[PDB]
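Student: Here's the letter readout for the chains.
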Amino acid sequence: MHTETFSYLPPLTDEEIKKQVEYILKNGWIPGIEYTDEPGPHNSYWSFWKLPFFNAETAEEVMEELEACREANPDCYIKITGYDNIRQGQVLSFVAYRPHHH
Amino acid sequence: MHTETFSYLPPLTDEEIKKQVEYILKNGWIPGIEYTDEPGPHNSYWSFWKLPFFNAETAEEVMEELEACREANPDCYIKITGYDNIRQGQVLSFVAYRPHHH
Amino acid sequence: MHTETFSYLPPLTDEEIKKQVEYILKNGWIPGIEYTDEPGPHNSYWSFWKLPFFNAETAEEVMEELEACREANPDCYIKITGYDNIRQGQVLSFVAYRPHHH
Amino acid sequence: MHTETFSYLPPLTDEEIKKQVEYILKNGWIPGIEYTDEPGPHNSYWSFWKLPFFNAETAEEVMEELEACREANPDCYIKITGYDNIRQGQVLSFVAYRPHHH
Amino acid sequence: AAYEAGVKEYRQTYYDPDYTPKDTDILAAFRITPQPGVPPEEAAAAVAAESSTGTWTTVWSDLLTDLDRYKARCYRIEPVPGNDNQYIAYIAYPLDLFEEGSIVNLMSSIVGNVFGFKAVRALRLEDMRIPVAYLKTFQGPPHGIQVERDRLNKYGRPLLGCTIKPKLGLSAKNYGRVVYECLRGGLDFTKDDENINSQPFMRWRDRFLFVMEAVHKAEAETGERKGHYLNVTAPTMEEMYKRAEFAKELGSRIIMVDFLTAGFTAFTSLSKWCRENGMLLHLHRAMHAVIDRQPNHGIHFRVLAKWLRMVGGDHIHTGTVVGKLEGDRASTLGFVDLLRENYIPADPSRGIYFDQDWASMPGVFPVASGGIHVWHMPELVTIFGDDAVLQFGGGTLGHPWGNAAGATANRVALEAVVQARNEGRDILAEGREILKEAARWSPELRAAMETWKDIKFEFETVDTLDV
Amino acid sequence: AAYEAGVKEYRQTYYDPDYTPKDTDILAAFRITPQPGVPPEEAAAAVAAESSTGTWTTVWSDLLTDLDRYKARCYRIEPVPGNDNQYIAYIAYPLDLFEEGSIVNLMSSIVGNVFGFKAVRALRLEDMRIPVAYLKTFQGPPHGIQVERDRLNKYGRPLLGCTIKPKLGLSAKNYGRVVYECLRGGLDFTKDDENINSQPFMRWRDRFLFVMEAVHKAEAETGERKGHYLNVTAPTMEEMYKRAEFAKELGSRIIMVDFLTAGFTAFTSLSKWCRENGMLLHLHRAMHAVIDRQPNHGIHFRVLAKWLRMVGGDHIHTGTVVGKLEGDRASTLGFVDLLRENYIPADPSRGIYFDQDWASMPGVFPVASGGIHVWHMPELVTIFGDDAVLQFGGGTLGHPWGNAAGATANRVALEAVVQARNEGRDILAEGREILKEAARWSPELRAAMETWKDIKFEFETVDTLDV
Amino acid sequence: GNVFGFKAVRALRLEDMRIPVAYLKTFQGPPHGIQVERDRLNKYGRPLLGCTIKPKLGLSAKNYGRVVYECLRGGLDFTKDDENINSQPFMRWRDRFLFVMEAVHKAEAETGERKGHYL
Ligand SMILES: O=C(O)[C@@](O)(COP(=O)(O)O)[C@H](O)[C@H](O)COP(=O)(O)O
Ligand SMILES: O=C(O)[C@@](O)(COP(=O)(O)O)[C@H](O)[C@H](O)COP(=O)(O)O
Ligand SMILES: [Mg+2]
Ligand SMILES: [Mg+2]
Ligand SMILES: [Mg+2]
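Sequence lines, in order, name chains A, B, C, D, E, F and G.
Position 87 (the first sequence) corresponds to 87 in the working numbering; numbering is contiguous.
Position 53 (the second sequence) corresponds to 53 in the working numbering; numbering is contiguous.
Position 24 (the third sequence) corresponds to 24 in the working numbering; numbering is contiguous.
Position 41 (the fourth sequence) corresponds to 41 in the working numbering; numbering is contiguous.
Position 214 (the fifth sequence) corresponds to 214 in the working numbering; numbering is contiguous.
Position 461 (the sixth sequence) corresponds to 461 in the working numbering; numbering is contiguous.
Position 117 (the seventh sequence) corresponds to 117 in the working numbering; numbering is contiguous.
No lab work stands behind these hints: they were computed from the structure.
Be aware that a few hints might be false.
[Said to hold, decoys possible] Think about it this way: if two alpha-carbon atoms lie no more than 27 Å apart in a straight line, the pair counts; the simulated DSSO-like pairs of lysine-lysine are: (1) F:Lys453 x E:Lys272; (2) E:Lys8 x F:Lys453; (3) F:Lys136 x E:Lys242; (4) F:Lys453 x E:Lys242; (5) E:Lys272 x F:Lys136.
[Stated by the list, open to error] With the C-beta cut set under 8 Å, the calculated list includes, among others, these residues of chain G facing chain F: (6) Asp39; (7) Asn84; (8) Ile85.
Cβ atoms here follow ideal geometry from the backbone N, Cα and C, with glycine treated the same way.
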C-alpha cells in the first residue's frame, strides 16, 4: 500500500516531517492533518483531525497536533497536508505515520 | 364539380332557396352568403359576402342580398349558409347559384 | 450504527420508552414491535414481532411484549413503531433495545 | 398583386416619387432602382437597374434613371430602393411604376 | 349595422353580482386598487374580461361563439378592512378555458396581462379555488410525504438539511468534503445553493461526482439513508435533463430545481421525469419574493404553493417565520396546510379565501430554511410538526468546531425537542430548558447554543393580513 | 478558536465604497427600502452578500476559497430624489459567478432570495450592466431585425399585426376564417392570444391546420408575405417542441411563446431551436406586470428586456404608451433603445442607469400592442419609428365592416403616415389631418376613424421616474 | 373484472354508469369530434354517407381500389374496409392501402368533394 507523495522514500523522521511543515508555512499555505484506516485508491476523504490549521503560526504547533492524532489513532495512517485557498487545492499531502500493521 | 349538400338535386328555384333560408331562421340560426370562383376540395374558405347576417329577421332580406351577390359576382358559385354559435359550426351550406360555365 | 429517530440521544430507559408508547396510544395510533440483526440502510423490513397491536389498550401491554421480544432475540436490535392507518404510514419508529455487540 | 410599402396608397405621382428619393438622399442613404416581371412573394431578388447609385447627389439624377428603366422595361414593375450600409439593409422599398397589365 | 361596433364598459358584460359559481369553475380572489374615477366594478370587470374573452372594443367575432358560456364573471366585490381604495374582486372562470395539466396556460390567463392595465393602479392575486376536476389533470408530487418517508425509512421527526456555504466559490472536491462532514454528523440532507449550477470555479459534473462519493460514504458510515439535493437548474431543458440523469446514474435519491427561475414549462417536464425515474424532487422558490413580498401588488405565495403542488414537488421551501427571511406566521400556517392536507376550509385569519379540496393528491414537505439555529428548534417543531424539513446552512457550517459538530448539534437539539414533545412537555414554554438539558451531555449542542445565544430576527412584517 | 464563529454585520465584508468595477463585472442597481433601524449600507450589504457568497453567520469554509475574488460588493449607495427612505445601491458581481449562457443562473443569484429579507422592506432591480464578455456566451435573437426584414422582404414601414378575438372560445375553423380575413386585408401578421394554447373549445393541432391554410391563402391572394404567430406555449418542453415542429411542418415563418409564463429554461431551448430551424420567434411578455408594475418593488421591464434579448427573440412586446396598458413614455423610449441599438449611454431622464454595449448582438423588433386604433398611428410611428410591429386586435376585428376592412384601415393609416413623414411633414402636429386626407379616398379608414373618434386612454402613471 | 362469475349470483348485467366530470377530465375524448370533423371535411347540413366494401373477404387489392373508386365517385362521402379485412393471403394490407388511396384521391379530384376510406 503506497500512499502517494513521499511513499517511495524511507519513512520520514519527526525532524524531516517538521521541515515539510515549515515549507508549508513559509509559503503562506495552511497545514492540516488527516487520518484513516481505509487508505486505498477508493477513498478521497480521509478523516479530518480538527480543521485545517488556519491560525497555525509555527511548525511546532502542528507537530504537537500530529503527536496527539497519533496518540488517539495509533492504528491509522496519518498524513500532513498543505492547502492553498488561492488556487483552491492542496499543495502537498504525504503520510507522516503508518500503523504497526503496515 | 359537385358542391356538397344538395349538389345531387336539380338546381333549386328561388322559392326552394327561400324555404331553406326560412328553415335556418325558424331554428334560430344565422344565415350567410359565401361565393367563389375556386370551388374545389382544397378550399375551406369561400369569400364572405358581407358578414353572416346576425341581425336578419326575414328570409326576404337574405334573398335580396343573394341577388345582390349574384349581380356583383355572376361568374362565381354562391352558397347559402346557416350558422349556430352554440355548437359553433355551420348547420347547413348549399350552393344556390352556379355560374354559366358550370 | 445509528438507528434514525432518537439515535442521537442517550439510550432510552424503560420509563422513557413507555412514555413514547403512551404518546402513540394517546393519539389513537397503533403500537408495534420490530427487530433485526441486519439494521443497515439497505433494510426496509425489519422482522415483525407478532403483528401491529391493533387491540392494545395500555402501554404496559406493549412493554410486556417488548420484554418478551428482547428475551427471545437478545442479539437483535428492537424498535418500537407507531402506525396511523388514516395517513397510512408510520408516525414514529425508534430503537428501544440494542444488542451487546452494538 | 400588392407590392409592400405604399401599395395601399393611390399610385404615386412623379412628384411624390421624387419626394421619397429626396428622403433617401437627405438621410445619407443610397437610392437604387429594381424591376421585374415576377413580383410575387417568392422573389427576393428583383433585377438591378445598374447598381445602387452610391454616387448620386440629386433626386433628379435618380428620376432620370427611373424614366430610363421604365422606357426600357415598360412591361415590368419598377421599385425605388433606399439602402443603408451601416445597418446593412434596405431602409425603404416601394413600387414607383406598375405595368399596364397590373 | 351588422353589429354594434365601438367601446363599451367592461362591467356591462363581465360584472355579474348574482352569478353562482359552479363547482367546476376556477375562482380567483384579486386585491384590486382602481384608479380614481374608475368604478371598482369596472376595474374588476376589466380584469375578468381581459383574463378570459374580452378586449377593449366590441368585436363581431364574439357572435361566432357562446360568450355567455366562456366569459369570466366578477361575481362579488368587497371593500378591504382599513383601506378605502382597495377591494377584493372574486372572479369565476369556466373549466374549459384552461389547458389540462398546464399551470403555464392558467397563468397566461389569470395573471397574463391584467396587472398592467392603466385603469388598475395595483393588483394582487390572493387566492384561487382550484376545482377537483382541474386538479385531476395534473400529476401532483412525484412521490409526496408518505412515499418519501417510506423511501427514506425515516419516521417520527422532522428531517434535517443544510445549504453548503459559502454560496459560490467552492471547488468540487471541497464541496464533497463539506457535504461528507455535514451528513456524517447527523443531518439527513445537504444541498447545492440555489445559485450553484455550473460555473468556472466548479463545473457541475465534477461537483456531482465528488458530492455523491461523500453521500455514499456518510450513508455507509452512519447507517442512515442520506441525500444531497443536486441542483439541476440549468439554461436549457437539454442541460437540465443531462444533470438529472447523471444524478440518477450516481445513485442520488434526490435532486433540486429552482422552479420559478427555471420556469413552469421546464418544471412540469422535470416533475414528470422525477415520477418516471423514482427521484425525489426538492423545490427551491428562488425569485418568489420578487412576486409575493408586497401586500398591494403581485401574487401571494399561497397561490404559488397551489400551483407547485399541482405540477408536483416532494419538498418546497415555505419560510421559517423566525429566521432571516420574512414569513407572516398566520399566512404561513395557512399555506402549510394548503401544501400538506387534503381539505382546507376557508379561514380569513390565515388568509385562506376559498375552501380547497385536493382529491387525494399527496402532500408536499414544507422546508423551513434561512437564518435559523438551535435556539429556534422548539418553535420550529411547534410551528411545523413532524412533516417538515428544517435546514441549517450557516447554522451548521458556522459551528465553531466545524460541520460534523454543527450537524450533531442540530440533530441532538431536534431529537431532544421531539422526545420532550412526545412525553407531553410544553416545548414552547420549556424550549430553552430542553435545549439546556441536552447541552449537559452534548458538548456540540452546548457550543452551538453559546455561539448563537440571543441571535434573533424580529422586524415589522411587510406582508401582513388586513386589520 | 479555529476561526471567528458567530454573526457579523454584512457591511464589514460586502460594503466597499472605494471599489472600482471591472469591465467584466456584472453590475446591478437596486432601489432598496431598509427597515427603520437598519443602516442603508447594511441593507445594501445584505443584498450583496446573499446574492453572491455570504450567509447570516460566519462559516469556516470561506477560508477554503478566495472570498475577496468571488464576493459581490456594494460599491455605491445614493439617496433617491423625493424619498428619504429609499436608496439606489450599486453592486458589482465578478464574471465567474455566473453560468455561461444562463439567464436562469443569473436570476438565481441576482433576484433569488434577496427580495424576501426581513431587514429590507422593499427592493426593485432597476438596471443591470451586462458586460460584453458575458453577452458573448449567449446566442441572442434567432434572427433579429435586419435578417427578419430580409426574410420577409419588407422595408420602409412598421409591420402590422393583430391578436385574434375573442381571446378564448373560438373554434379552429373560425380561427382560420378570422385570420384569413385579417391578413388578406393588408395586415402582415395575425396571432394567437397569449392564453390560446390548447383547450376543449379548440385543440392546437386543429388550430394550426386551419390557420396555416388561411395564411398561405392570404399570401397567394395579396402577393405579400404573411405570418401568424402560432403559440407554442405549452405545459412541458416536449409539448412545446411538438407544437414548434408542426408549425414548421405546415410552413409557418413564425411562432410565439409566452417567455415568462413558460419560463427561461424552456425559452432558452426554444430560442436555440428557432435559430436551428429558421423560425422567427415572437416573444409575448405575459405575467411581466406582476413583476414590473410597481416603482417600489420588483424588476423594471428594462432589465427583463436585456435578459430576453440575450436569450433571444425576434419580436418583443414593449407597450404602446398611449394604449390600454401602462407604459411610461420616457422609460419606454429608453428600453426600446436597449432592445434595438448596439450602444446605449446612461441617461437618468429615461431610467438608463448604466452604459450598455451589445457587441453586435442583433436588435429585437419592439411590438406596440393593446388598446390602440387608427387615431394613434401618427404618434405610434413617431414614438417607435420604422423598426416596430404595431398590433391592432380589437382595432381590426372591431371595425364595423369586419376584419378585412379593419385591416385595410390600419394599413392605409400606416402608409399615409409613413408617406407624410418621408415627405418632411410633422406627423405629430399634422396627424389628424393626415388621417383625414386618407379617409377621403379610403372608406375603410373613414369608418374606423368614426368608430373610435375621441377614444383615449389617459391615466396617472404608476411606474414613473423619480422627480 | 370478477363479479360476473360468482357462484352466489346467477346473472349480472351492468346497465349504466355515472362517470363524474373529475374522472372524465383525465381522458382525451374523441381525437376530433363532430364539429371539428365537419370542418375538416367541409360538409354541413346532412348526414354523411358511407359503405362497406363487399364481399367481406376474398377481394384483391386492385379490385378493392376499383370498387372504392366507383363508390366514392358516385356520391358517397366514405367507403370502408370490412371489420374482418386486416391483412390476408388474398389481399395484403399495404397493397390494399396503395390501390385504395389511389382510388380515394382520384374520386376526390373527379367529384370536387372531400372523400375518405376507413383503412
Ligand atoms: O441561500 C440561502 O439563504 C439558503 O441557502 C439558506 O442559507 P442559511 O441556512 O445559511 O441561512 C436558502 O436558500 C434560503 O433559506 C432560501 O430562502 P426561503 O427558504 O425563504 O425560500
Ligand atoms: O391580450 C391582449 O390584450 C392583446 O392581445 C392586445 O389585444 P388588443 O389588440 O385587442 O388590445 C395583447 O396580448 C396585449 O397588447 C399584451 O399587452 P403588452 O403588449 O403590454 O404586453
Ligand atoms: Mg440558498
Ligand atoms: Mg393577447
Ligand atoms: Mg362489416
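Student: Taking the hints in turn, state whether each one holds.
Tutor: Taking the hints in turn, this is what the structure says about them:
{"no.": "1", "hint": "F:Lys453 x E:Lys272", "result": "52 Å, violated"}
{"no.": "2", "hint": "E:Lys8 x F:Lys453", "result": "14 Å, holds"}
{"no.": "3", "hint": "F:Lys136 x E:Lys242", "result": "23 Å, holds"}
{"no.": "4", "hint": "F:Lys453 x E:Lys242", "result": "57 Å, violated"}
{"no.": "5", "hint": "E:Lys272 x F:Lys136", "result": "33 Å, violated"}
{"no.": "6", "hint": "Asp39", "result": "4 Å, holds"}
{"no.": "7", "hint": "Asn84", "result": "32 Å, violated"}
{"no.": "8", "hint": "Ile85", "result": "29 Å, violated"}
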